[PDB]
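2 protein chains.
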Amino acid sequence: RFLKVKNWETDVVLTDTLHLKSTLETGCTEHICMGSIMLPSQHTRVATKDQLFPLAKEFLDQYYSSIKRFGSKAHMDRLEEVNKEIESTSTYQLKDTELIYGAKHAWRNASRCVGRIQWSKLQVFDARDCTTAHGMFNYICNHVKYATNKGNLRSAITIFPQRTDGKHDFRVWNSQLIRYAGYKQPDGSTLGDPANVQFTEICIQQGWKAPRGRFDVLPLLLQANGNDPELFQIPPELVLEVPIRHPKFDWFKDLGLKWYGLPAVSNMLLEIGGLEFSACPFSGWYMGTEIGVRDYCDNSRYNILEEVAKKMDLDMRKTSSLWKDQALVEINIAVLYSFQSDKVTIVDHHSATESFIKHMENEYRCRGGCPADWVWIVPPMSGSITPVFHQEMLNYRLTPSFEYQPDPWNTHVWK
Amino acid sequence: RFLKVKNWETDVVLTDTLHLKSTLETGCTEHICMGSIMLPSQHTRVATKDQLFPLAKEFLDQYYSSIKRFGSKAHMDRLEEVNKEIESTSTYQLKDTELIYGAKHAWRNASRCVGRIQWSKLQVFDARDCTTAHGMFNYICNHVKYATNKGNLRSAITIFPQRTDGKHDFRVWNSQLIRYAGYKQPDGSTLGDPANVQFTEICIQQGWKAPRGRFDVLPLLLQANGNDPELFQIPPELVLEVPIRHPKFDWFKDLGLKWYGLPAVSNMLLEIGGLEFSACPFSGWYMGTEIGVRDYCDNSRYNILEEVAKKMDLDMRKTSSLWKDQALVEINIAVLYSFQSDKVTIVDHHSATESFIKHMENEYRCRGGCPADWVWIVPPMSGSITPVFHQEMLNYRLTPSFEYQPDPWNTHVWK
Ligand code: HEM
Ligand code: HEM
Ligand SMILES: CCN(CC)CCc1cc(F)c(F)c(CCc2cc(C)cc(N)n2)c1
Ligand SMILES: CCN(CC)CCc1cc(F)c(F)c(CCc2cc(C)cc(N)n2)c1
Ligand SMILES: C[C@H](O)[C@H](O)[C@H]1CNc2nc(N)[nH]c(=O)c2N1
Ligand SMILES: C[C@H](O)[C@H](O)[C@H]1CNc2nc(N)[nH]c(=O)c2N1
Ligand SMILES: [Zn+2]
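Note that the protein sequences, when read in sequence, are chains A and B.
Numbers 299 to 343, 348 to 717, taken from full-length UniProt numbering, label the letters of the first sequence in order.
Numbers 299 to 343, 348 to 717, taken from full-length UniProt numbering, label the letters of the second sequence in order.
Excised from the complex, chain A in its bound form:
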């Protein structure tokens, strides 16, 4: 069917036909909806040569039918040229223009990303000539320097060689290029980021010397062509950081918090015409709530609601005092204000969710729809005073796409 989605704050109706092009599967059925399962066994991704040419043809048909040359001579010859090469090698190689298109549309198709209004402004760095972890480190550094741009952040992706057999894989073992370390204490508590305690100790295992503090930047663990991964330290001058202060409470500086400017995810898989790129770090800029709500106030992360409430003079005895809510707002005003006063790109959840509604309108117009995961798009605070709360959204999977993949340390043949 050609389904309708409604906004209940403005009564706007849009018609989705793009879902007819949808290919992958959701995890839902007619009798169960799994839209709140985090890592369904569909959002995660070994493929053979028979299955490859339909996926190449499907992709190539979209590419040429977008540069305004569907079915022309250049299209049919590339169709045959790729057919021939999949016959010869049981794989094939994207042109540079095809790689840039595919990467931009994987982002365009990321239903859980609220930032996609920017999808066509993506800088693609082709690292498919990389062969060693040192080369990887070099490519990653250049990506971090470019994307940061002195705090005037620029979105970018670096794409390492595609998977071939499976035992020869390029992988970044870090989940993000820039992350703070987590250390478990002699008693039991946690210094730094509890999320990374396991990875912090893998770096310790392979040889890292930990400054065992709070906001210690982890080294990169880089695996090239299936070889064992090697440690490298991002030059500190390349890691831009923002000390968090408040435009009111002067005790807020004493909290001694700070965060890094560059959100750069490095553990996911990029799929383009049936080709799988197992190392493809991509970066943008932060929405404020990622740091102030999730990073700082998740119970299993930094978990600072306690201390901010104390210093705010809050009624912490009762739950219905909303002391947690009240400290959460101040923390997020602070993250935003610090980044802005330092000229580091950041977006608040009101501006970002408005832009995504604007983006949704454009997509239903010039595309017939916009796949969207409400569970992930609505921000983790103040949900219903943002316009995405009230927007019905259809979730479906289109390719090119970003997918989850198993962690390398559970699947790698070592020693």
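Warning: the hint list may mix true and false statements.
Derived pair list, reagent style DSSO-like, types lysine-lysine, alpha-carbon separation capped at 30 Å [to be verified]: (1) B:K550 x A:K613; (2) A:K626 x B:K304; (3) B:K612 x B:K550; (4) A:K620 x B:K645; (5) A:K626 x A:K469; (6) B:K302 x A:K613; (7) B:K645 x B:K406; (8) A:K351 x A:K406; (9) A:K555 x B:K626; (10) A:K319 x A:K302; (11) B:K613 x A:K555; (12) A:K620 x B:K351; (13) B:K612 x A:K660; (14) A:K406 x A:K304; (15) B:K620 x A:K560; (16) A:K486 x B:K304; (17) A:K555 x B:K560; (18) A:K550 x B:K620; (19) A:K660 x B:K626; (20) B:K351 x B:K397; (21) B:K486 x B:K452; (22) A:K660 x A:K613; (23) B:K612 x B:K626; (24) A:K370 x A:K660; (25) B:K555 x A:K626; (26) B:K406 x A:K612; (27) A:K613 x B:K359; (28) A:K620 x B:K555; (29) B:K645 x A:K612; (30) B:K626 x B:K560; (31) B:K351 x A:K612; (32) A:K319 x A:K406; (33) A:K452 x A:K560; (34) B:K620 x A:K613; (35) B:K452 x A:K620; (36) B:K550 x A:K620; (37) A:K359 x A:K406; (38) A:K550 x B:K555.
These are calculated hints, taken from the structure and not from any lab test.
Put chain B with the ligands on the given structure of chain A with help from the hints.
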């Protein structure tokens, strides 16, 4: 399959097998997830006699297999007794114990209700001997008096005669028993509740004399046995109200807000063993955010973020000042504090979402699962500092159930 749901704040895993009993359909498919569509064409509900006995048998099998007498003599005789009566009349009549069971389990099965830990403490008022709108008014008044209990609120449902042919329907035209009126102005703005502007003018149409103010309690519009609906005014002494003040800001009293104590939905349909009860008003007590976030701060409702921010001395020029967020927290501390100081039952979104996680555990233990709609369960503010944000939830439809139904004024043969 026998699926697993995970909590990512505590790493707890539960196994859902109850979804195998699921019967209805979600709206989702393998290729699209519609978990954010508000009123899917499945959550809404004319049935014949052939389809009726499977639904009666299915229901009767659950009922007897719960009072610890599955398949016994009393079960098989009621099975045959209902079979005989569906042969004779092409419908049938629930026993009183069956009605109480069915109603309690419709609530138990309401995947969008965060309050269900209380599902077994429901007071069921049998109004199936009702025949006139005056009788309806009398039954409703008694329900409002009982459920309110001097501010010590008690959950309750009143069940009017079941649908028979379709043209003879009991209906409450109000969407809730107690609602404030909405009036459009001579210029264009809105006094009172903008949500009810249409219904407020239907009461005006049928003869209501509007005190054209803010918090005017609407009359009841009651339709009995398919006849045209008639207006009745709930005695003011039965409508308990809470003036909203703040435990800090003394200008907050000057805002002149108040709300009613009793949330009582009256426009939905109760399905029990294939029988449809088109009038079945049910009431509980409020979660604070329903009033303070949605009722007061929705753009298309009372929309008070402006005035509270002004009186709070807020930087309203910029969006990233989070002045909206900051005023939203104060408004909700105020709703909670007013209700509590007046001894009117209310629950904060932290206590309620903790109880639902507790409830989910009980259901997976003694039931094999708990159908749950994440999109509706996560509260509309401070989502991720409540434990339901981090809880994966399977949504599926079980019967007995509450369903949506068309508004009566679009389907009724008038004059
Ligand atoms: C340019 C500014 C950007 C902003 C403000 C932004 C914002 C966000 C946010 C808030 C999330 C939710 C993440 C979470 O809560 O953990 C997200 C998810 C995501 N973003 Fe964007 N993002 C941006 C750029 C990008 C870029 C450049 C890419 C890829 C080239 C990308 C791809 C994704 C993907 C694949 C996900 C979710 C993965 C999944 O769970 O399936 N984003 N983004
Ligand atoms: C006892 C205290 C109760 C609390 C605290 C509570 C809380 C809630 C809340 C917050 C919602 C979301 C509504 C919205 O956001 O508009 C909800 C929905 C709902 N509640 Fe409960 N509720 C309670 C009692 C009941 C009772 C007694 C019934 C029926 C007998 C019931 C049935 C439902 C249904 C059917 C829905 C959602 C309908 C739908 O959208 O499909 N609730 N409840
Ligand atoms: C493991 C699953 N979760 C943790 C439970 C994290 C997954 C995840 C997957 C993404 F693609 C993703 F972008 C993020 C947020 C980081 C980010 C990146 C960019 C480019 C911009 C931005 N603004 N933010 C988190
Ligand atoms: C028309 C769809 N929406 C508006 C878009 C409203 C539907 C709806 C359907 C319910 F069953 C429902 F309970 C509510 C909240 C009112 C309520 C009732 C009770 C018993 C307890 C409580 N705490 N709250 C709203
Ligand atoms: C259980 C639930 O799916 C999980 O907590 C999700 C909910 N929505 C989210 N949304 C975003 N943007 N990021 C997240 O990490 C999550 N977590
Ligand atoms: C579009 C979206 O489905 C709609 O705004 C829903 C979202 N979740 C909700 N959740 C609750 N509890 N109440 C609501 O009215 C809504 N509205
Ligand atoms: Zn679904």
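Right, here's what the structure says about each hint:
Taking the CA atoms of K550 of chain B and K613 of chain A, the gap is about 18 Å. The hint holds against a cut of 30 Å. Between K626 of chain A and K304 of chain B the CA atoms are separated by roughly 24 Å; this keeps the pair inside 30 Å, and the hint holds. For the hint pairing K612 of chain B with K550 of chain B, the CA-to-CA distance comes to about 16 Å; that is within 30 Å, so the pair holds. Between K620 of chain A and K645 of chain B the CA atoms are separated by roughly 16 Å; this keeps the pair inside 30 Å, and the hint holds.
With a C-alpha separation of about 48 Å, the suggested pair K626 of chain A and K469 of chain A falls outside the 30 Å cut-off, and the hint is violated. The hinted pair formed by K302 of chain B and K613 of chain A fails the criterion: a straight-line CA distance of about 41 Å is larger than 30 Å. Distance restraint check for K645 of chain B and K406 of chain B: the Cα-Cα separation of roughly 26 Å lies within the 30 Å cut-off, and the hinted pair is therefore satisfied. Of the supplied pair hints, the one linking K351 of chain A and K406 of chain A holds, its CA atoms being roughly 25 Å apart against a limit of 30 Å.
Restraint check for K555 of chain A and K626 of chain B: the C-alpha separation of about 24 Å stays at or below 30 Å, so the hint holds. Distance check on the hinted pair: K319 of chain A and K302 of chain A sit about 16 Å apart at the alpha-carbon level, within 30 Å; holds. Of the pairs offered as hints, the one joining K613 of chain B and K555 of chain A holds, with about 28 Å between alpha carbons and a cut-off of 30 Å not exceeded. Distance restraint check for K620 of chain A and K351 of chain B: the Cα-Cα separation of roughly 55 Å exceeds the 30 Å cut-off, and the hinted pair is therefore not satisfied.
At roughly 28 Å between alpha-carbon atoms, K612 of chain B and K660 of chain A fall within 30 Å of each other, so this suggested pair holds. Taking the CA atoms of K406 of chain A and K304 of chain A, the gap is near 27 Å; set against the 30 Å cutoff, the hint holds. At roughly 23 Å between alpha-carbon atoms, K620 of chain B and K560 of chain A fall within 30 Å of each other, so this suggested pair holds. About 24 Å separates the Cα atoms of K486 of chain A and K304 of chain B, which keeps this hinted pair within 30 Å; it holds.
Using a Cα cut-off of 30 Å, the hinted pair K555 of chain A and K560 of chain B is violated, with the two alpha carbons roughly 40 Å apart. Taking the CA atoms of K550 of chain A and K620 of chain B, the gap is about 16 Å. The hint holds against a cut of 30 Å. A hinted pair counts as satisfied when its Cα atoms are at most 30 Å apart, and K660 of chain A with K626 of chain B qualifies at roughly 21 Å. Annotation: proposed proximity of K351 of chain B to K397 of chain B holds, straight-line Cα distance about 19 Å (limit 30 Å).
Under the criterion of a C-alpha separation no larger than 30 Å, the hint pairing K486 of chain B with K452 of chain B is inconsistent with the structure, at around 34 Å. Restraint check for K660 of chain A and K613 of chain A: the C-alpha separation of about 39 Å exceeds 30 Å, so the hint is violated. For the hint linking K612 of chain B to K626 of chain B, the alpha-carbon distance of about 11 Å falls within 30 Å, and the restraint holds. Distance hint between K370 of chain A and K660 of chain A is fulfilled; the C-alpha atoms sit about 25 Å from each other, no more than 30 Å.
For the proposed pair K555 of chain B and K626 of chain A, the alpha carbon gap of about 24 Å is at most 30 Å, so the pair holds. Between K406 of chain B and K612 of chain A the alpha-carbon distance is near 43 Å, which puts this suggested pair outside the 30 Å criterion. Taken as a hint, the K613 of chain A and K359 of chain B pair is broken in the structure, with Cα atoms around 62 Å apart against an allowance of 30 Å. With a CA separation close to 23 Å, the supplied pair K620 of chain A and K555 of chain B stays within the 30 Å bound.
Distance check on the hinted pair: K645 of chain B and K612 of chain A sit about 29 Å apart at the alpha-carbon level, within 30 Å; holds. Taken as a hint, the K626 of chain B and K560 of chain B pair is honoured in the structure, with Cα atoms around 21 Å apart against an allowance of 30 Å. About 65 Å separates the Cα atoms of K351 of chain B and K612 of chain A, which puts this hinted pair outside 30 Å; it is violated. Taken as a hint, the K319 of chain A and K406 of chain A pair is honoured in the structure, with Cα atoms around 18 Å apart against an allowance of 30 Å.
For the suggested pair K452 of chain A and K560 of chain A, the alpha carbons sit about 17 Å apart, so the restraint of at most 30 Å is met. The suggested pairing of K620 of chain B with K613 of chain A holds, with an alpha-carbon distance near 26 Å, which does not exceed 30 Å. Using a Cα cut-off of 30 Å, the hinted pair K452 of chain B and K620 of chain A holds, with the two alpha carbons roughly 24 Å apart. Restraint check for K550 of chain B and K620 of chain A: satisfied, since their Cα atoms lie roughly 16 Å apart, inside the 30 Å limit.
As the CA atoms of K359 of chain A and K406 of chain A are separated by approximately 18 Å, the hinted pair is consistent with the 30 Å bound. Only pairs whose Cα atoms come within 30 Å are accepted, and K550 of chain A paired with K555 of chain B is accepted, the gap being roughly 26 Å.
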